[PDB]
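J.: Residue strings, one per chain:
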Amino acid sequence: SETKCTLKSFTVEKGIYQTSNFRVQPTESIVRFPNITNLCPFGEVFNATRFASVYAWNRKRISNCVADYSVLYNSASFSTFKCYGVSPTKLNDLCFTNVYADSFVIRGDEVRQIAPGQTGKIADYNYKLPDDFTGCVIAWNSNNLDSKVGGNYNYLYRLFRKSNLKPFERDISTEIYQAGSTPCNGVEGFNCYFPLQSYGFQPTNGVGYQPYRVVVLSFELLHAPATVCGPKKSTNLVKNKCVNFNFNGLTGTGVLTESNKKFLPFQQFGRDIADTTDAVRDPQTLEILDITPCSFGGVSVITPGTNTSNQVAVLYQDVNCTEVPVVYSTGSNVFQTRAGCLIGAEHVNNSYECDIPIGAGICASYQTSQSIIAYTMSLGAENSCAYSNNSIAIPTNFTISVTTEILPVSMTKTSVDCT
Amino acid sequence: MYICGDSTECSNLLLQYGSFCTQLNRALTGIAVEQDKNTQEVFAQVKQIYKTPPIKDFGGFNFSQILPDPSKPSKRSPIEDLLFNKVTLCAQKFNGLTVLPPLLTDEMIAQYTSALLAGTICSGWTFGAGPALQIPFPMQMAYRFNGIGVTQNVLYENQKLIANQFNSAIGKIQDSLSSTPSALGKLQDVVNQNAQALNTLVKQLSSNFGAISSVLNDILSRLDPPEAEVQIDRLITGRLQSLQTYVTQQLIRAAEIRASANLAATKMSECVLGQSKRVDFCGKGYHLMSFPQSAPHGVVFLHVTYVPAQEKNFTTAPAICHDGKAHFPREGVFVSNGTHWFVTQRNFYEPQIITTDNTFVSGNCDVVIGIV
Amino acid sequence: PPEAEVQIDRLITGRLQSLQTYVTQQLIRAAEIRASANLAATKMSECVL
Amino acid sequence: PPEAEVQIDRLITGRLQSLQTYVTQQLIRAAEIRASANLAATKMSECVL
Amino acid sequence: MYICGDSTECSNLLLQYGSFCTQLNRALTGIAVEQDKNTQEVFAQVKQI
Amino acid sequence: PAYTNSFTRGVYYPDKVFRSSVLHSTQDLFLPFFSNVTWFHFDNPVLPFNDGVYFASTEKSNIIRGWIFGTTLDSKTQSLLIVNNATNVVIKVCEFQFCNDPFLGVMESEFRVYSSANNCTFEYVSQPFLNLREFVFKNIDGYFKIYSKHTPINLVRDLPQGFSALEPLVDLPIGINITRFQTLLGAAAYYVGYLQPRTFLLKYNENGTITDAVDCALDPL
Ligand SMILES: *[C@@H]1O[C@H](CO)[C@@H](O[C@@H]2O[C@H](CO)[C@@H](O[C@@H]3O[C@H](CO)[C@@H](O)[C@H](O)[C@@H]3O)[C@H](O)[C@H]2NC(C)=O)[C@H](O)[C@H]1NC(C)=O
Ligand SMILES: *[C@@H]1O[C@H](CO)[C@@H](O[C@@H]2O[C@H](CO)[C@@H](O)[C@H](O)[C@H]2NC(C)=O)[C@H](O)[C@H]1NC(C)=O
Ligand SMILES: *[C@@H]1O[C@H](CO)[C@@H](O[C@@H]2O[C@H](CO)[C@@H](O)[C@H](O)[C@H]2NC(C)=O)[C@H](O)[C@H]1NC(C)=O
Ligand SMILES: *[C@@H]1O[C@H](CO)[C@@H](O[C@@H]2O[C@H](CO)[C@@H](O)[C@H](O)[C@H]2NC(C)=O)[C@H](O)[C@H]1NC(C)=O
Ligand SMILES: *[C@@H]1O[C@H](CO)[C@@H](O)[C@H](O)[C@H]1NC(C)=O
Ligand SMILES: *[C@@H]1O[C@H](CO)[C@@H](O)[C@H](O)[C@H]1NC(C)=O
Ligand SMILES: *[C@@H]1O[C@H](CO)[C@@H](O)[C@H](O)[C@H]1NC(C)=O
Ligand SMILES: *[C@@H]1O[C@H](CO)[C@@H](O)[C@H](O)[C@H]1NC(C)=O
Ligand SMILES: *[C@@H]1O[C@H](CO)[C@@H](O)[C@H](O)[C@H]1NC(C)=O
Ligand SMILES: *[C@@H]1O[C@H](CO)[C@@H](O)[C@H](O)[C@H]1NC(C)=O
Ligand SMILES: *[C@@H]1O[C@H](CO)[C@@H](O)[C@H](O)[C@H]1NC(C)=O
Ligand SMILES: *[C@@H]1O[C@H](CO)[C@@H](O)[C@H](O)[C@H]1NC(C)=O
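Chains as they are written, first to last, in the UniProt record's numbering: chain A, 297 to 622, 635 to 676, 689 to 739; chain B, 740 to 828, 851 to 1133; chain C, 986 to 1034; chain D, 986 to 1034; chain E, 740 to 788; chain F, 26 to 66, 79 to 143, 153 to 176, 188 to 242, 261 to 296.
Straight-line C-alpha distance at most 30 Å; calculated DSS-like pairs for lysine-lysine:
id : chain 1 : residue 1 : chain 2 : residue 2
1  : C       : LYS1028   : A       : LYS733
2  : F       : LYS113    : A       : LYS424
3  : A       : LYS558    : F       : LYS278
4  : A       : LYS535    : F       : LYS41
If you want a taste of the chain E side facing chain B, the calculated C-beta under 7 Å gives, among others:
id : residue
5  : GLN755
6  : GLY757
7  : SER758
Cβ pair distances, simulated, as ranges:
id : chain 1 : residue 1 : chain 2 : residue 2 : range
8  : C       : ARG995    : B       : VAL826    : 43 to 51 Å
9  : A       : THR724    : B       : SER1021   : 21 to 29 Å
10 : A       : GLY446    : F       : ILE100    : 53 to 61 Å
Everything labelled a hint here was simulated from the structure, so no lab data went into it. Built from N, CA and C at the ideal position, the CB exists for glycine as well.
Using the sequences and the hints given, assemble the complete structure.
T.: Have a look at this one:
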């Protein structure tokens, strides 16, 4: 029936057909992880008397600690929690290598300037976000701690600047900017003024200038030995079974075995000629594992034609016979050939002429109650030319035989209108 | 498997692109069937398996370097063994790149070639045009010499020399194949082209194609479905274009290989099973026979060619005006060493006295130009 | 129009790819058929007359 | 650049499609020309020689 | 040069497409070499001028 | 002064991947083949550190007690006082006022080096610097990566031909702005090379080990 559906017809002709692609399904899962238990001080950088000035933004590095971001989702009320390049829910699993927290304070209107490519005075010279940005942004109103009646003038910006700074650049120079024919010998007059002038910070200021604490969590992806691992388990290790794995950030399915090719002390994983992941190193107790893909192969169905009989056989392309866990309504008569694992065919020894080619010599057919048989194909008859010198053979009769030979000449002249 | 490795979020998107994977699978299946038909057409021409004669005393000729030798575990002639252990060239497998095995194993190809060879030695060429007729090998050599113009007496009177030359050439061809580095260039080039195509196809997997990452698992694990769908779409488009390019290149290369295989089958049928009078199509010089030899993914003929040698030039006249009548040669040229005249064959110097047996008269000698 | 243009563009790219694939397949098959026809013409010339 | 990337991608895809079409047509035409050259070589090796 | 005329940004964008068109360049070079071989095969049959 | 001619040097494993009998090509910073390495024999103060600098550290009695990175120094800008001791190897990063070297005799006298102290952001303890100890110091992507390889050939002049791959030891996750460095030593023998962006074809052995590499900028061959 699968062959009938693949052919899109109720009639199947004699021959070999391809129906689907057998593939061994995974059985277990692997969550291999190293030993890290200490928690990162995210709440520390989120609970400070003052965060930073917009030009004195902090770049606190976080490393070698388990960091759970589920608390940062439900047990918090940030107004802006956009996550660029990563999924906030799919964020408690990836084990990033370096994560930098850029801490500072901004206004309510200027909270939108923290974007990969956004313009504006804050987003041009005070802070630059690169295009390729896998990190997120954290921002919420804080009109309870930084709020000073006299104004938190310690926070200042840098409008007075000529060229936009390169991404992730910390500018410290507070010298007077040059904006014209000013001599800039101290001066602070004419067209030159203090780049860091002020921050009108009266508490009664509207939501467009209310304090907003911005912590940008920029984290590199999993292209190095993972250090900031997400919370999870660390399941044990299994071998010689097609299972899916989560080695650090590596994800895939394989039958990983004991590796033979030794690794250098600094190398983690390996690749073959076509840069395919071949071997890995255990985040747990150090052991090299030889990851190879599990068995798979396109199934083929051998039918003598629905007109002749409804008996069919199945040949799995490359599996080594035993891997037939689940079609497969019947069984028995299992015969392993160099081209696969024939099922439902009787392996006879009497060589005949090929009817349904299979591969590597074997060739099935429907020979008599009739059953499906498989055999080594026979090249021809056993005519013997009795060579002998001083002796010749001469005919005495002809036959005048007429043979039919067919050759195609032309196809159907078809034209297709593009528009 | 290639476009979307065991990912539902990618297969359910590939389902939108219509019946493309079916088209590519059909094309590759057709290519494989064509390869099988190519091998069958080239080698399975005569369907009677002739046993290899035990003896090797073929009147002087030595068929030891082309005939199969049973001492080795593999029933291959020394030249076939050299051809096998000169083309050396890995197994991709992995991500949905399977290689099907050929229908006719190398042992079956060797047996077919041995059957053709034993038919050539025993029956000459009648085994390819009916029932095999045994005939002594010197007689078959004479009847192949008669095809190119020279008479039988050239071979029999020089049987030892001809056998020595044949053995020397057969011995030299093995050394020529082994010493020369290029040698088997076509088969190695075919293998190299296929390997490069497959390697490039695998290499196309590790390319972002305008997405955020080159791995579908990473993309579908780091992003929510509504925004990961675009990246998966970009990757699917890139991989589909790569697969289409590979399939088209394979189709064109398979068409070229089919043309070459048709040419090889024509050569096998028109040279081994007979003797061709087409000039410089079946060797350099006049053709006598050929000996097929199996090679990995191809065939290697050993054409045997009669080629003239050291020549002596005489003076010639179109006809002879004897009694007013202009005798013309029957099957020869009129030559002379300066004093006496002779009539001899066109491709060998075998002078004969000009008798009425070797000439025919066609009227008076006042019309021909240059008659002597 | 602003979104219909995007949808139509996607459809146009898909249909263009499909038509190009069909045309390439037809070209290759026609080359094979031309080779067969040349063989047939040779056989007609050298076997019939 | 972050916006011009999209237009650059569209143009690159179009030009790549055009170049691939041209190369495939050239391959097929070169196969036909090679067949014609083989026929001519056979004619030169068989008729004049 | 064809896909991205003497532009660094467009060339960098094209670089993400892998070896898509190194294959095209190799195919055209093979076509040219085949044309040279074709002329040599047809005309240089005998080298005893 | 002495520029020599250099040889096949500066080849290091780019990443932590294991490639076996592969001819993989990598685009990274590398020391160009047959360059002109500078021999300084007391010339410590100048040492114009570029983006990545190769170091020879030829056959000596391990007098080199570390390196001083930074340009302004004077305890104003962040500096890297990476003083590898005889044991436990101090890695100190701080705004340090710099005057001279320890100059322990020609020993156990005065480990003065710097004068003042500041923020002192980072500190690391390990056991590197255990001879021709080459170095591929490279400060990119907020990472100061170090590489080394010991090959005690003990020949005349300098590095004759002997190819080797310099395995990594450690990185450094700080974003200091460095364009100058110091050599902390009688007469010495040390060479300094400069890194440039190139493309190599590092050939791997049966096990991962760079056996021979070529440069795709030197000559058409
Ligand atoms: C070989 O040459 C001979 C030359 O005669 C052919 O023999 C003839 O064959 C036909 C057909 O088999 C014979 O006809 C049959 O004869 C008997 C008696 O009637 C019977 O078996 C059938 O009813 C039929 O009529 C014919 O008699 C026979 N001629 C002689 C003189 O024996 C033969 O056909 C040639 N071989 C082939 C393969 O064509
Ligand atoms: C070819 O047939 C001839 C027929 O004469 C065989 O020659 C005879 O060979 C035997 C065995 O060596 C000798 O005893 C006879 O004296 C030979 N006959 C003559 C007339 O000299 C010859 O052996 C056959 N060829 C082969 C290879 O067996
Ligand atoms: C055919 O030629 C082969 C060599 O190609 C001959 O085999 C050699 O025979 C000599 C004696 O004649 C032996 O000393 C050599 O050891 C043989 N060589 C090998 C490689 O086995 C063979 O004898 C010839 N056959 C005939 C009938 O003359
Ligand atoms: C040309 O050939 C003829 C025929 O062989 C030669 O004539 C013979 O010459 C020999 C001596 O050399 C005589 O004994 C024969 O009687 C001659 N034969 C006949 C049939 O007359 C002739 O000498 C040759 N000429 C040259 C210049 O070599
Ligand atoms: C720590 O990880 C190492 C990795 O080699 C492993 O051998 C060891 O058992 C782990 N220790 C604990 C307490 O899990
Ligand atoms: C197939 O499986 C059998 C039984 O486990 C085993 O003996 C045999 O070696 C396997 N063959 C291959 C080619 O893997
Ligand atoms: C034979 O050929 C040579 C070389 O061309 C020539 O010199 C000579 O005259 C020719 N002999 C006769 C008899 O024509
Ligand atoms: C560069 O190296 C060459 C070759 O060793 C040398 O002659 C030259 O003086 C060096 N310096 C410059 C500035 O070219
Ligand atoms: C300096 O080296 C000494 C031993 O020579 C060691 O005791 C000390 O701890 C080192 N200083 C560091 C590692 O900062
Ligand atoms: C030294 O650095 C500290 C730490 O920030 C700072 O308080 C102090 O002012 C610095 N001293 C000088 C002279 O810059
Ligand atoms: C790089 O940092 C150093 C501090 O070591 C500083 O003196 C120098 O000016 C910086 N370079 C630039 C271009 O700002
Ligand atoms: C490295 O490979 C070589 C062969 O190229 C082998 O002899 C040697 O043992 C290998 N080294 C290690 C440490 O396995």
